[PDB]
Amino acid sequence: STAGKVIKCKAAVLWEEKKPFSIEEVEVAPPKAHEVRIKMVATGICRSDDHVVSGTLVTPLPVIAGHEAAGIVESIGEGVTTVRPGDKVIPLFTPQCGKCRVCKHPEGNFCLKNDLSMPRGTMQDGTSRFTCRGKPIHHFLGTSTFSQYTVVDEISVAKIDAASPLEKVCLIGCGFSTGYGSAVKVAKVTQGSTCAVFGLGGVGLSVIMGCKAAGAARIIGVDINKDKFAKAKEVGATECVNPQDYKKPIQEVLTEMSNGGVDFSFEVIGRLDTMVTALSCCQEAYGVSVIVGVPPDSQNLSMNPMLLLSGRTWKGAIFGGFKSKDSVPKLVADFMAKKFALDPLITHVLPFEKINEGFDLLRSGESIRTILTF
């Protein structure tokens, strides 16, 4: 009954930088060929949406942010074959065109048809499917999840298990997959190993879960916030050290505990200094260090190349290294299996009209994760 025409719903529009979201009434055009229209059930509030707000992550304004969510398909345009109206889904911030140099590469996952490198804030056709009173509103990463309805290209959507709690699995859209995959697919943690995770936030907790799934024998969780240590242990950290309690550099305290250094270290905070530190606390001969995120406004770090000469590996990734369309479905399946748990991460569920409030919880504080329900 909306199957073939415009929709009128409320979306959180960012007109200007450093301005709160504006609950507005916008019209959502019907999906063109290979586009899919989804009715949002829940969306998480991720750090990267706040960067849009600061002007740190530069993308065309006004826009409709959000990228970590789950929904239900309302209508699909011409040529769509992967989803059907009524199907559960998760929109993908990192596409899967399935045909670029990267999609075909057995390891690569940063699909070339992504809108994060040189942001356009459009659909693959270069047009916006949103208007606010005659004014065109830009998309955010082919997602725009801070809307009751959104349109996404077919390469930016994944069909998941129909019995999926969408108020929980929305995590698989960013936060969880990003940390989880960093462990299991980027570092490729091995059983019996020792790992160090710098930052015990939500992505942080997801890395620990990965390291655990992977089979690590020890997981040192490091944060300067004692308070964050309980969940970490509950989720899998075997130990937790507060760099603030030692009279010496933790790379040292860390190299001493692991007797030589850890097998894998994770810098999940995005700090430059911490990036180097984690590189160092790693076994000099065969240690692997993974950078989970770096603020979009990061500067150059200072390092001694000698750190790599001994035998260390330094890696990075977007979306936990997962081939998005192939993998999302699988993470739900594993969750449905009772494999991993997602609850420990959800610290707040607010109705969607209270967005800006969610952002406050995020901005100055302890909010592991805030889920917005529609």
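In this text, rigid core is short for the largest set of C-alphas that superpose within 1.5 Å between two forms. Residue numbers count along the first chain shown, from 1. Compared with the form deposited in another entry:
- When each C-alpha is placed with whichever rigid part superposes it better, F21 ends up alongside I155 in the two-part motion between these two forms.
- When the larger part is held fixed by a C-alpha superposition, the smaller rigid part turns by 10° between these two forms.
Any chance you could show the form deposited in another entry after that form deposited in one PDB entry?
Below: the lone chain, stripped of partners and molecules.
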């Protein structure tokens, strides 16, 4: 590789729902006007990457999954204004643009032009940029960063520093700034409150380290893996609760702690049952429960409209409700400026091709955010 024409690199194609990844030879076509193929350096193993091997998150397979990654640019397209090559850029699973009333609303985020609410499984014109044996393989959302190269459009490529830790700063293309932005944007943790965070994972530590900046005098953590409680207390997690150690329902306990309920509560697992237990555990009259997580598809939660009627605002968010192409660059100069710490999350840093133990740590248990290097 490198070029103007077809690069013949390596990738990790899913060919089938519930099987490991086949590291392979695929051939990434040179970009198409307003696209920007990017030479991948580092990637992150999110869950929403694993929801795809189970099929809890449904996208057209066969596909080069991956979406939370950093890398450097080589080739750009026609009329491309935003990033020039040799550029460190970080790919955007939720794009930005300019027109669609959501891109033009003070409080939007979720660009009409996504591929998350009902997936085509391709580029922005309907075609691939990934051909394996002879069969084009599907891109995911609009990043596919488990290749050695990828070709993203222009509206979903953010351009950061140039002295930036991409073995670090790749947790901003998702991981951190969705759990961060939830707590400080979407929920808006009031200075001095009681926060309960269900799920103490990658995204759920950033949400507790968003509350802790928001002021938050208290912050509890609920995980059924007491093993997670440390990286947690260590992040600014005051009281950790394991629902398994308890006889009575957990909303109660959670609600007997802060009795009345916690000002704010966040669900970062994505279970229809916890997605409600988190709503029940806050305050009738002014309890703001937000859901970050991603449930098993077309699945319905059985809730009581009365839960909401006393005065609880229920929200949701993809990303941190962070306007993608002017919030990801801005959010790096900060890390670089010791605004936060990306290190306490990261538990491993594996070579790409072992990307199958990578998933198997995450899911096969405790060991929170690995970073496969390319």
